[PDB]
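First, one chain by itself: the form deposited without the named molecule, in structure tokens.
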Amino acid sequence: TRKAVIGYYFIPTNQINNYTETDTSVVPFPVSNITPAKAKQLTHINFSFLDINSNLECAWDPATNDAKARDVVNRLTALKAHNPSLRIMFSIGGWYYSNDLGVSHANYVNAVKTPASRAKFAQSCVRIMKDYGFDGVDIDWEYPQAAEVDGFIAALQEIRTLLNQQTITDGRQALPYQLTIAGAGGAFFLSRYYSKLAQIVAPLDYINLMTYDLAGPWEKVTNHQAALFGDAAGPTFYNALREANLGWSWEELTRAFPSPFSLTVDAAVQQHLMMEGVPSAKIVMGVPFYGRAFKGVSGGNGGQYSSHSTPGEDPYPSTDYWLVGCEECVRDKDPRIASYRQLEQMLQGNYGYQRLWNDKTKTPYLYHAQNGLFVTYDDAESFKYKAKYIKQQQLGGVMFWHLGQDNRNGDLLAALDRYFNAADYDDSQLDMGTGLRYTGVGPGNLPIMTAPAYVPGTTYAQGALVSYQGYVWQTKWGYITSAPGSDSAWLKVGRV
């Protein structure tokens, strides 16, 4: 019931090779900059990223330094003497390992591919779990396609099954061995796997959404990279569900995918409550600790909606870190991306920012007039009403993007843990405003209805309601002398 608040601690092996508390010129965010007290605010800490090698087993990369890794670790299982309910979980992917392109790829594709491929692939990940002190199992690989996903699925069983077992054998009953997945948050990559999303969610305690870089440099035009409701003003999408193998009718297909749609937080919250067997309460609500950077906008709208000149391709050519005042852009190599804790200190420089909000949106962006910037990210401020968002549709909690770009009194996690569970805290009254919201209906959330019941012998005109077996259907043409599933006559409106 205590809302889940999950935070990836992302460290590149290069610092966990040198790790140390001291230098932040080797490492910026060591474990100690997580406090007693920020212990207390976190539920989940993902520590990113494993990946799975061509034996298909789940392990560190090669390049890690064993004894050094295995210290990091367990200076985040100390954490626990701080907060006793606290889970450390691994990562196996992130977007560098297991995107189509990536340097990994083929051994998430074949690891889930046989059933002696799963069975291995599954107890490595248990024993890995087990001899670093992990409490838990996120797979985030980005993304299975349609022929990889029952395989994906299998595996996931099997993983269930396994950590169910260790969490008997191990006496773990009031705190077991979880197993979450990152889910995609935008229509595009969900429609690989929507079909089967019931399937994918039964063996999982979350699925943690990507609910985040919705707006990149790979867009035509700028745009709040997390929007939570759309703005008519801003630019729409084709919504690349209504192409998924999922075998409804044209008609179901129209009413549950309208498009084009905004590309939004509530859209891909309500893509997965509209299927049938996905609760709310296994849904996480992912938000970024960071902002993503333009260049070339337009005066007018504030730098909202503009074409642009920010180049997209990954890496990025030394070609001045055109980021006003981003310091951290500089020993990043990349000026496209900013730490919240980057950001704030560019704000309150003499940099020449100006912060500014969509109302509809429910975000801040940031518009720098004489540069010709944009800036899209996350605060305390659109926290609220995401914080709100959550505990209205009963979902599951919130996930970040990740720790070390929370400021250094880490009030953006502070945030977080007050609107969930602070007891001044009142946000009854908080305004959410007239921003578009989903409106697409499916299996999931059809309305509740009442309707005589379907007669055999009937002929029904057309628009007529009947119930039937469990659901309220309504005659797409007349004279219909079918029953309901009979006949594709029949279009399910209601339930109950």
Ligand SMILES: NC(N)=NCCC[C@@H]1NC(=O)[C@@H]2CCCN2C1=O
Given for the second form:
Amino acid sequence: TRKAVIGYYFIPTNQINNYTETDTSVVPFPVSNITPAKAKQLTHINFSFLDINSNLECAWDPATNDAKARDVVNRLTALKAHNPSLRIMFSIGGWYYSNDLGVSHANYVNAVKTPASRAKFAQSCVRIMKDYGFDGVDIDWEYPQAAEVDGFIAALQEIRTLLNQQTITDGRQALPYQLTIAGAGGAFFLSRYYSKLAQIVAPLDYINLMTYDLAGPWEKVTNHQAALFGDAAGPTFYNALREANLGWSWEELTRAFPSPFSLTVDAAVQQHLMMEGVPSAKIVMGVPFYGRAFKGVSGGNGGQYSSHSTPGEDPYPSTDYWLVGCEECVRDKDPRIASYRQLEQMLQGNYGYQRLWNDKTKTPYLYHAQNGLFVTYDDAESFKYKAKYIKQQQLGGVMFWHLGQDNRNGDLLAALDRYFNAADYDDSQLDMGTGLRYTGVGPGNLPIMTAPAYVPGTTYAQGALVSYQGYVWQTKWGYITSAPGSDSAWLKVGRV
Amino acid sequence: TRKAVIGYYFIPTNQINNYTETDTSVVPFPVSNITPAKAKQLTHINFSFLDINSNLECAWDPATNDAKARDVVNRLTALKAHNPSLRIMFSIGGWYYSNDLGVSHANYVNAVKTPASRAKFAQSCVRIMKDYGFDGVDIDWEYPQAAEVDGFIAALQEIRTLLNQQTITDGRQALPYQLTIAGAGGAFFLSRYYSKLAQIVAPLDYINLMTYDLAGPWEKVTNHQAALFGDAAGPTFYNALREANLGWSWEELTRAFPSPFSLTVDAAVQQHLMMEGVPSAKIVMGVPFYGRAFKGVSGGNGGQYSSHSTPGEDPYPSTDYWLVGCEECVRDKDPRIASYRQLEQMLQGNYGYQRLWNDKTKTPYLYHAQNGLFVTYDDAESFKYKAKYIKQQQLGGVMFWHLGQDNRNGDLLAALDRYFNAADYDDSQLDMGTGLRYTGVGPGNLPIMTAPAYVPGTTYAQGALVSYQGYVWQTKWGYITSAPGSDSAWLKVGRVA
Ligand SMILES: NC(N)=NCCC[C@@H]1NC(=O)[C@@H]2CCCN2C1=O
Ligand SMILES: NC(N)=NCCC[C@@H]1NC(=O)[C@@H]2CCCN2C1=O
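Taking the form deposited without the named molecule as the starting point, write out the structure of the form deposited with the named molecule bound.
To see the whole picture, the full complex is given below, headed by that same chain.
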């Protein structure tokens, strides 16, 4: 099965309202930049972002010029002429609109509240999809909280019901309408809805993990924002999942959620695979087409794992654009984020940056020894290991933010496509390294094991293993006189 | 309120059937050994044991001569003439009958299954109670677990309803019929029903904790079987309550159930107190009137916390009776258990035992340097600390197993009564020691705390404390923008006044 390659196309309301493909000063990345070749390397483009309004319906920014919006969307759907598998999805939400303190947060909470609010909301998503010509719905609420999760799940189920009906009504069996969400790629936010992951993923074609922004100026020490595996020399974090609303025992929580742990892409993927009912084929690994920069770092590990003096607030609370050579940072008034396109230009500009590589995390980073700057980012090299992991772990594919950040030749996208699809690319010998793997074990990823059938009437010693009801169990202490599932002394440790 | 003093009177079916008060080789402990003085020192006598038959009703062992059974019980209820507060309870169950692998275990599981079975069983308990002249029902199922607990709770509730009505019918308001159970005194068995303790205890007058047998040959390291407090030098154990179906977070489980921990009497009592809705007044501390012996122990620490070579199978699989001076052990065929009566004799018999004391656990022990023996037991001195604990912790009283093991003068029973009631006993200056106390805190026994009210729309740093919906909450990590409650970021740490 072809791996999904999902790229976000984000365009601010002012750029839509002033849309032009001939003046990068107004619209830095117009649709025309997505050439036929690039359209063929994508399976999905997530047009972003739409929102949920006070009327609790899916809707465009109230300030959007609808006729201009329709034309931009039509340009995107026109790309399907070059790739019959291409889908132009539209994304609802994003951090700005939906975070707990975001401008539209209450609308998300209220829209999933009742059977009626959900029906109205689901209907609006499908109506918007059909009216503008989109191929599916992607919801990026960052993020529903424990008490809102059942409502969220029910809303997704409703949209799924309506989309499947629309697929048949439109004769779209060959390319069914889809439903996806952008899911948390870090344990802290993930813990909000983790316990009900299976129910959340059931109505989805994919859950696209935001497995990046795992480091930022909001953290005390610099770190890689999307390390594939862990580096023992780097910072470790509290494993929030042990506090998720699971109802599991201490042994179960402990074995599934070691703490502290390394916040990496592998951790997030493995945490999802640990839940039963969450299929690897629906998990999509997100990757960033941008880097995060920090100032005020010290030497010793090339800028890595160092204290820093970078403001963590949004918007950037200063006028000091200190990321040397980053012209896009001046345009966007924030030196803490730089597109791969800009970083590549900074590297060939002799600005004082050294490109270094961490072979544990399998990610590159820049160090500016003169100015004390550190940049964590991803590139065509880190993408080889992530692509191999996606294939080995049988994931659904890759997602990335965002298309306008790739370089002019579309090298990052081309690399992802190459790694999955090129007949002459062979990563059989690619060394995945010795970085730390997440070793938690849960209901969903128990190892295959064998053990004698449990025998009623037998008394078991501590550490004994038996098979019962299709799983292998081990005793937590001795003199066990009742059965697995009915005596708490038994721990499920394997399957089959 | 007077503290309860609940003593078991256990008599095997063969002794009932050949009951005699003039031949200790047939009946070692006849009822006649309970004088008026002893009757006045007790508040309850738990006659044991009755069972639950295949008809799922309370019943005597089928092999019991009924007339002889009534005569033994009559000797016990006649003691009431000497103490108007005394109750002769009858106990249903016990280890032999009710353990998972016991001969009658199925009957316990099936009797509590449905409204009909529970009604039938509860009616039979009250019928036996009235027919034989008992003053209450005590159930000692060791122990219900899983799906059985809800049924058990409903059966207890049903018996309570029937007893209360019987009390009114009989005009027994001055000494109402009572309902109690023997409860696990250790976390492993306690974990079976721990999550529903409040519901189990609601219909009871008392839950009598079997806070003994916390050490035994079944364990690789010798230890005190009923330490009041812990000795950091002794063995520690996995806290099984961490595995009960409580629905608590990892932090809550860890805070409530330190692990490994010292299996002590204080741990069991504190573990019950940690659960919301379990009143200290209903908690009864059990104590043993017998000791457990180990052979093959090493020198150095008086036989304490040493490897040993003591058989663990039951029955005692050997014919070797190695507990020096213990002839009772010969009569009963097991050198691993001895009554306080017999142990006291071994101490007056110049057999080479040293009586030592652990000032952390507040318990005595015997050490036979010559033969490599260790005996853990309780005596009048250890009962001083336990009785003071009962008073300080406002527990309902003390329970013990069993009356036949006290010495002929009834000194252990006399000591307990004295510690609770004698005007001439003063423990105000008795030092409880520095042994390890159980310090778990449960979401159901949080301290009063004070914090600013939670402000919606605020972002909280790690470790911040706020008050919200009756509790004080602490954040487990930073940048918290969610409200306290089920949300993973917040931990209930205190109660708002
Ligand atoms: N200015 C900053 N931080 N840019 C990085 C934006 C990362 C971007 N934010 C989002 O909310 C969407 C949700 C879907 C995935 N997204 C992103 O990667
Ligand atoms: N021979 C031995 N092991 N004697 C110790 C028996 C302890 C005794 N056993 C039980 O089942 C009753 C239930 C009520 C309290 N019990 C005991 O202490």
